[PDB]
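One protein chain is absent from this view; the other protein chains keep their places.
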Amino acid sequence: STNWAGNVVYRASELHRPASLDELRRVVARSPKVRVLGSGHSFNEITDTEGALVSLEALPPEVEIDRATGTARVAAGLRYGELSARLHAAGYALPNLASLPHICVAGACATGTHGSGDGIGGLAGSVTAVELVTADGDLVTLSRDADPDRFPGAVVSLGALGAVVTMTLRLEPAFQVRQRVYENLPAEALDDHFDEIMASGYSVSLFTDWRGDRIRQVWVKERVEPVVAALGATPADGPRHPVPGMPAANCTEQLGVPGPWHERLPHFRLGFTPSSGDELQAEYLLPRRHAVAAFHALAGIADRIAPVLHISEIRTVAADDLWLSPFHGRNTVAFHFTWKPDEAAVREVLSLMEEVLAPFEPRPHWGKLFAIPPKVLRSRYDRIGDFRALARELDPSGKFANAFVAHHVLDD
Amino acid sequence: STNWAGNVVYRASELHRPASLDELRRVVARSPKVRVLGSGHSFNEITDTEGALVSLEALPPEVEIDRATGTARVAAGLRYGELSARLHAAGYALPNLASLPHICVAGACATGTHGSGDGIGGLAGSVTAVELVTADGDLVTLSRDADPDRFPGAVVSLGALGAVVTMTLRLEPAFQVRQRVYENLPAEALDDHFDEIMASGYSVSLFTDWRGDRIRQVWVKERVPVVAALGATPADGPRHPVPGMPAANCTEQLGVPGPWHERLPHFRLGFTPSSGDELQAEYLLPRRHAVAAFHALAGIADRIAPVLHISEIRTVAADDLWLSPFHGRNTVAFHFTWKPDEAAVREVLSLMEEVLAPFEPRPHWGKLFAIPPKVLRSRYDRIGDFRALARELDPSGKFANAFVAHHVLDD
Amino acid sequence: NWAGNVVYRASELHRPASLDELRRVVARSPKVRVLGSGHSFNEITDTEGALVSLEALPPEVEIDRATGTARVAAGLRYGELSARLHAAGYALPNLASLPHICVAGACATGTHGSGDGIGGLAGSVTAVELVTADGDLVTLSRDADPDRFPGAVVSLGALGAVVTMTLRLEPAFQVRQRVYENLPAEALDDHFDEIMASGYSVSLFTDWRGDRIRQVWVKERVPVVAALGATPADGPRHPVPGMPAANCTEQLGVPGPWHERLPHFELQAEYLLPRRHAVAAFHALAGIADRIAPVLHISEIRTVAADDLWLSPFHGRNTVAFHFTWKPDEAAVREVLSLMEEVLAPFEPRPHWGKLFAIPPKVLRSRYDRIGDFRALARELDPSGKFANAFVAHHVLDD
Partner (left out) sequence: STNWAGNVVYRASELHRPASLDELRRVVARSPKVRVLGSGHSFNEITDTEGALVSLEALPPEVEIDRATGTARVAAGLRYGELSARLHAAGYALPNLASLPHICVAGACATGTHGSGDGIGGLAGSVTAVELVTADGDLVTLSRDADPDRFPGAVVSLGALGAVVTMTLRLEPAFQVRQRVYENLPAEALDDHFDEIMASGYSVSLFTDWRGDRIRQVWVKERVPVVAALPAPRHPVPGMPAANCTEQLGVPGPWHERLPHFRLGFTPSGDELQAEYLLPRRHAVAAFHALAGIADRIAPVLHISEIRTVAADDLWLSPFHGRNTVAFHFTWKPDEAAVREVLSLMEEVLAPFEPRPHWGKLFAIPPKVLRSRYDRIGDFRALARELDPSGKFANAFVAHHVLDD
C-alpha cells in the first residue's frame, strides 16, 4: 500500500510476490510497467508506478559464500540485517552498513545508500556483479571483471535496468567494532578540526538539532586520547538516541563495548524492526572540501531547519566510479536531515537549503526528498549520458522507468 | 492503532512507549485503565482498551544470562527471534518456540502460546519468575521457588495482573534440529497411528486443507521414518504449509541440520511480516480425543475448507499453570489459520465449538472463539484461584478490559 | 511543638524579618533547623543549635499568569496562601486537614489530602529557592534540574532553609462537602475503590470500635456510600467524638470555595501503604482494634496518587493512607505503634515523616529506592551537615 514512512501511497494496480526466479521472469515479461519494490525505505515517488509493483522478498533467500574468491552471491530481496547475521556466522563481514539493517540490499544499492568513514564507499561499492531480469524476462549478468565498460552504471541504477535477483558482494573477514557517544561538542570546533574529528574513527556521525551553537551528539565507531573530547565534547554517561525524546533502546550498544561489526556500524540494533516510520528525510552529498563552508551556509538558515527537524546527521564517504552514485569521482561530506512528518513545511525548507548549498554542487540522496530540477541535477553527474545509454540498451520500452526516473534521468 | 491481522482497531485514547522502568511505573500508576501491548499477534479484543495502551518495546532490551543457574533474565517487550539469536550466540536454547519468532515473549506466555512436541509444554512453562509493575506502580516479583502457591497463575495471565517488565527463563544447552516435510498422508492412517506419528520426531505438525481424504503436509522436526511407511511421500524441494504462499518465508527443510531457533518455527528469522492477511482460532483438547475430534471436524470439513488457508494439528505436554490451555492434561491442538472474513469464520466457529463440545475444548486465548463464559470457565479448575490473584494484585481492575471482564473475572 | 510533646532543646530561636537577615543567621549558625508551624510530633524540628522561623519574612505571592504558577514564601501557611491565591482566582489541587500548616513544613514531610488522582502537596511544587549553609541562594526546578529537583521538595529541611517555592496552580473552583454516618466496615471489602472514587477527596473516619466507619466525608468538585447503608448527617459534624462541629469547614453539601472545603478545619502517626493492600491492611488493623480504640480520638483512611519525589511516602506507588489521631499519652501510643508496625510490616508501609513512628532505619531506608540519591544531594548542598539534626542523621543520612 505505502512506503515505510507512509507519505507515498503507491498508485500501482497490482503487487506481485513471485515465489521463484521463473515466476518473476513471467511477471516482468507480461507486465508493460514494472517498478521492483524492496524495503520501502524511500520518501519520494522513485518506487511509485501506475502498473506493477514486484517484490523479490519471496524468492529463495540464497546467500552462497565462495571461500576461494571471498565473495557472497545473495538475493536482492534480502535485507542487510539477515544478510549480515548469515555472513557474520560464516565468519565474513561487509566494510559498512546504513543506519538500520532492515533495508533491502538492492533497494539500498539502487539509490547510493551509505554509512560514514573517510576510507569507505557507499554500500554499492562492495558489489562486483549483478544478475537481473530484463524487461524481456531473461537473466543478464553484468560484472566489473567481465563488463568493465557497463558494470559501473549497473549497480546504482534506480532500478531502471530491470529486477536484480542476485548481487555478488566482496567480503572481508568478520570484525569487532566499539562505539562511544560524545555530547555538546562546540560547533566552531569543525572550522579548524572537521577533518581530524571525522578521521578519529572508522565511521563518525555528527548529530545536531541545528538549534544554538552545539553538535548535540558525536558517535565515534572504531575497528578493534579521543580527539572530540579534547575539543570540549563530554562522553555520555549512558545509552543514547540521535533524536530528542526517541528511546536509546532502539539503538546499537554504545559505551565503548566491543561487538560484532553488524551490531555496531548501524545506529539501530538487529532487533528494532519498526513496521512503519513517522519522519521524512533529505540528504545532500557535497565534495569533502565544502564541509565547513556548507556547515556555515546551513548555520545561516538554522532558524528555518530546527523547527521541523528531528535530527541532522553529518558523515564522510570515499569516492566511487559508479555513474549515478552520489560519491561519483569525489570523496564526500553527507548533510542528512531526518525531518518531522510535515511534507508541505519540509518542501519549503528544502528549496531554501538547495539554494544555500548550490555553490557546493550538491547531489541529493536518490531515496530521500529533494526539489533540485533535472537540468541542474543532471549537470552535476558526468556519466548521466552513459547511464541513459545503458537504460535504453537494457530496457528500450522503458518498462522499469516510472515518472520519477523519466523526469530526473531519462526524459529529454 | 490495530492488531497485526488488522481486524481489531484498538479503541484506546493513548499509546504510551515508555523508554525506562520509571517512565512505565508513572504511566501505569496515573492511568485508571491499562492493557499492555506486545507484538499484536492476537485476533480477539484481548489487547483492546478505552484507556491506556502501553508498549514495553522501548525499555532496555536485557538478556542477562546467569551461567551458574543456567537461566535468562529477559525484557517482556523482547520477541522470540531476538531472544533466541542472543541465547544461541551465548550457546543456550529454549525447549520450543511458536510458528514465527517475531512474537513478544510476555504476550506469547500471556495467552498459552505453544509449539508441537509430546514431551514439550506451552512456552510459558520455561518461565520461573516475573517482575511486574502493579496497578499501584511498584514492582512485585512472583517466582516458582519463592511463591509456589501463586506463581502458576501469574505467567499465563492475559496481562490482567499488571505489566511484566522482566521474565526469568530456565535454559538448556543450544542444540541442532533437522526438519523433513512429507506430503499426502492418508487421513485414515491417523485412526490407528496418530500417536506413532506425533512421536516420530521432537516436534511434529499435521497440515490439512480439510478438502477430501489426505493430510496435505506433515513436518517432522528432530533433535540431532513412520509417516513415509504410512503412505506420505518426501517433498523434493522447499515447501510452505499454506497453498500459494512461498517456501522462501519458511525455516530450512530437507533434513539439513541447523540451529534450534532456525528450525522449530516454520518461518525463518528474516521473514518479518509488518501485517497479516489472516484470522486464527485454535482448540486444545485432551490427547485421547485426537481421532474422535479429527472425525467430528471431517463431518463439517465442507464449511471449514471454504474460508481456510491451512489447519495445523499438534501435541503439547501438560503444565500446572491455571489458565494454560494445557493445565493438567496432555493436549491435541486443532489450529485454523482462516482467510480474513471475520463475519464468515465466526459462523464456522459456532459450529466447530458445537461439534467439539464433547471433548471439553479450551480455546487459545490469543486466537478467535465464541465459547460463552459459563462453559469456558467450567473447563478450567483454577479459575476461582486466578480470580483471587487478580483481585489481590489489581483490586481496581486497572488491567481488566471488557475481554478479561467477560471471559474470566466478572460474576 | 503545637502538641507540646517535643520541647525544642535549641540555644537560639531566630525570626529574621528579611531574606538578608535570614541569610546572615544561616551563615553564622554552625547548626540550623527551620521551624514552620510546629505540627510535627517527632524529634525532626529539634536541634541543640539554631531554630530559624521564616514567619516574619515578606509574604511574597507572585502569580505569573503566563505559566499559571505562583512564587510564595516558604513561611506562608496554607490558610493565608489560599485566601490570596483564591482572591486572584487561582487554587491548588489539594490542602491538608487544617490550613494553619506551613507550606515548606508540609511539603518537607510528605503532607497530603485525599483523592484518587491527587498527589501529596509537594507535587504542586515545580521549583525551590533555598538559602544554603553558606548563606547564598540556590534555585532547583524540575525544568532546569531534572536529575536533582525530585530530592529537593520532600527534603526534611536538610538541604537548606527554603525561602520561596514555585507552585503550579489551577483555576479557582467551588466544592460541596457531605458527611455520611455509619457505613458498614464490610462495605470496604468489595467497595473500597468505588467509595474512595465517589468524590474529588474522600475520608474514612473510624473509632476502631466494633464494625462501623463512624463517618465518611465525601467532597466533590462542582455516589455509592448512601446506597451501601451510611445515612446522611442531619447537621454539622466533627471527625472526633465530643469535639465541636463549629471548628470544621461547612458541610451539608453547601457549595463553597475550594480552600474553605478541602480542609476539615493529641499525638499522630500515619502509615502509607500500596493502595492494593487497603482491605488486607484494614483487616490486619481490625485484628488489633482492641489496643487502638482505647488510646484513639479517630483514625482517617485516605488515598493519594504516586509521585517521583525520592523521600515522598507516595514515591512510585498510588497510596492508601492509615492515619491515627491518638490521645496525648506518648508512653501508651509507643506500645500500640510497635504492634501496628508489626501487623502492617508485610504491606511495606512508609511512615508520615512528620508524625510518630518507631520503624528502625535499616528497614525504613529499604522501603525508599532513592535514599542514596537523597543522601548524595544533602552532602552536595550541605557537606558540613548544618541542616542535619539527630532525626535526619539517624533515619536518612548516617551510615
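Labels A, B and C are assigned to the chains in the order they are written; within every chain, residues are numbered from 1.
Keep in mind that, in the parts below, contacts are C-beta pairs under 8 Å (C-beta built on N, C-alpha and C of every residue); 3 or more make two chains touch, one makes a residue touch a chain.
Novice: Wait, the hidden chain, what does it touch out of the ones we have here?
Specialist: It touches the following shown chains in the full complex: A.
Novice: Using the document's definition of touch, tell me which of A:275, A:351 or A:397 contacts the absent chain.
Specialist: A:351
Novice: Of the residues listed, A:26, A:33 or A:304, which one is in contact with the missing chain?
Specialist: Checking the options A:26, A:33 or A:304, the one contacting the hidden chain is A:304.
Novice: Mind pulling the chain A residues that touch the left-out chain?
Specialist: So the residues of chain A touching the unseen chain are 301, 303-304, 344-345, 348, 351-352, 355.
We take it that only the chains that are shown with their structure count from here on.
Novice: Hey, how would you classify the chain contact layout here, line, ring, star, complete or other?
Specialist: line
Novice: What whole-number Å value describes the gap between the mean CA coordinates of chain A and chain B?
Specialist: 38
Novice: Cα centroid separation between chain A and chain C, in whole Å?
Specialist: 58
Novice: By the touch rule stated above, which residues of chain C touch at least two different other chains?
Specialist: none
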